[PDB]
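The form deposited in one PDB entry is given below as one chain in structure tokens.
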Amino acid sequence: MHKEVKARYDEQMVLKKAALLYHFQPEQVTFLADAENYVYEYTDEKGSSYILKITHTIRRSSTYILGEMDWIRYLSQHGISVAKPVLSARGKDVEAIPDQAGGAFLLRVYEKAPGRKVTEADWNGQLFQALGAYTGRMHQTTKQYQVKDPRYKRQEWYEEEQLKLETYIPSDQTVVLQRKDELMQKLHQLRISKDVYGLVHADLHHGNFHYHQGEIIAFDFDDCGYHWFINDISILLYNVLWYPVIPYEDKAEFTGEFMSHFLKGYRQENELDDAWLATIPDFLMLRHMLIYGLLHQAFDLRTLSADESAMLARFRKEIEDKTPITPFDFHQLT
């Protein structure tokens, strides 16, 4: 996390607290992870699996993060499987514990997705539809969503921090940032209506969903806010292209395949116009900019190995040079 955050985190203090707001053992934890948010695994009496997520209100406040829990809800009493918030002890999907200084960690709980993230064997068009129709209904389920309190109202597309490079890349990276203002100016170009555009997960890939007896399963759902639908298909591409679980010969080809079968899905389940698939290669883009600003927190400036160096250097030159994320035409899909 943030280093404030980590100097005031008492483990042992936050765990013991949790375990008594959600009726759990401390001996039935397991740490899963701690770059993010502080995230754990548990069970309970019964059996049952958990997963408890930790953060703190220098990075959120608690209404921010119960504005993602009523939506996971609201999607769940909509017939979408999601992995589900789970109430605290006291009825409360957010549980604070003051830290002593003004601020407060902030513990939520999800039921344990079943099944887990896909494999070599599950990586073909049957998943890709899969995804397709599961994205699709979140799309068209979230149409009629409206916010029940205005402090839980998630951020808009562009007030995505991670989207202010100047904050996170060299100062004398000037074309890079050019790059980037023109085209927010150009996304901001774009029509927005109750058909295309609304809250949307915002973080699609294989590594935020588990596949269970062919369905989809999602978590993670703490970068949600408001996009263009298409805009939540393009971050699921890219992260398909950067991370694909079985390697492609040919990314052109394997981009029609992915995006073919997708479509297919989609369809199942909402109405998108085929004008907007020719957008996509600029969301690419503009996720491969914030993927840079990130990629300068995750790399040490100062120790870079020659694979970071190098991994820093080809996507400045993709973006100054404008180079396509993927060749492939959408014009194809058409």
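Numbering follows the first chain given and starts at 1. Here, rigid core means the biggest group of C-alpha atoms that superpose within 1.5 Å across both forms. Compared with the form deposited in another entry:
- Once the rigid core is overlaid between these two forms, residue 283 does not reach a Cα shift of 2 Å, moving by less than that.
- Superposition on the rigid core between these two forms places the CA atom of residue 107 2 Å or more away from its counterpart.
- Annotation for residue 44: C-alpha shift of 2 angstroms or more between these two forms, rigid core superposed.
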Given for the second form:
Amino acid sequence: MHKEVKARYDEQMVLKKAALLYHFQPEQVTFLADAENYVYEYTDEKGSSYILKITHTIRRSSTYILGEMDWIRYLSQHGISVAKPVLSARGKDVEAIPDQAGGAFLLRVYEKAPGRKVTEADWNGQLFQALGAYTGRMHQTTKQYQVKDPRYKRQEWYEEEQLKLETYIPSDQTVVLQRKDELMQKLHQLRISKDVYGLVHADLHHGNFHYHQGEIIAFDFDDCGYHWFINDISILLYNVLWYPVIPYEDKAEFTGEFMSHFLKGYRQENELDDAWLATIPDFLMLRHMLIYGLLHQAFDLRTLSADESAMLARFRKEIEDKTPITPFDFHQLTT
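Next block: the form deposited in another entry, after the form deposited in one PDB entry:
No partner chains or extra molecules come along with it, only the chain itself.
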């Protein structure tokens, strides 16, 4: 959780106020997680249960959130299974509860996706191919998506707050900042067109979808933005390498297993030219840098535990040394 948001948030106060806008009893709310947003499951007066996501104007505007809502609705209209937004009692997509310190807590609600998180029995090539087909369909569909009013436009990849490392890491980390600057300049040389770049989810991982009768239902579109399609794919790879459901015996071999199955599914649904596969290591490194920023945004750097200092030191060393995120040779996937 963004440290500045944590400094503003009084859960009991906000849930008491939120209870009137969504018709729940605040003592009955179930806390789910507090990673980027504070997320709860609540039950309304009719006995129906929903997912409540709470954040703050420090990190999101209502307008920006409405751009996520627009896109999710478009995907659902075109047959992509996603968790849809639900309205407040006043018919609003996003409710704002004043923060007396300035700004607002921003609240919105979604339908609870059926099914469940993937388990060990699902963690295999069938899932990996299904992820490929689903991602490919999202990309194929997004090619036709138009924003009428630029006020609600989602960000370009390079605008991401957590990549602004110079604002979050101490400035004596000049090597890290050089690595990040060099990499973003490199990525900026890549061709952009409707066939290779568009609005994507940008945080695909197995905490962000349910498997329902063997089908994917995605949620947590909170980071969606304009990216290369290969980056959406690389982010998913980053995430399955980081927290696999079953530990892998070998990182390189697992990378190839995941990617081969994923690509079979993906290419049934959308074109991905072989030339993009060579860029995956660079996008994995960019994600590593983003996570480094996220961790600095979350941690009080004056009160770091031994474990937090060690984690930061590992990322730092990997970034400085240019240690590949995976040892897999991506040229093996080509032709």
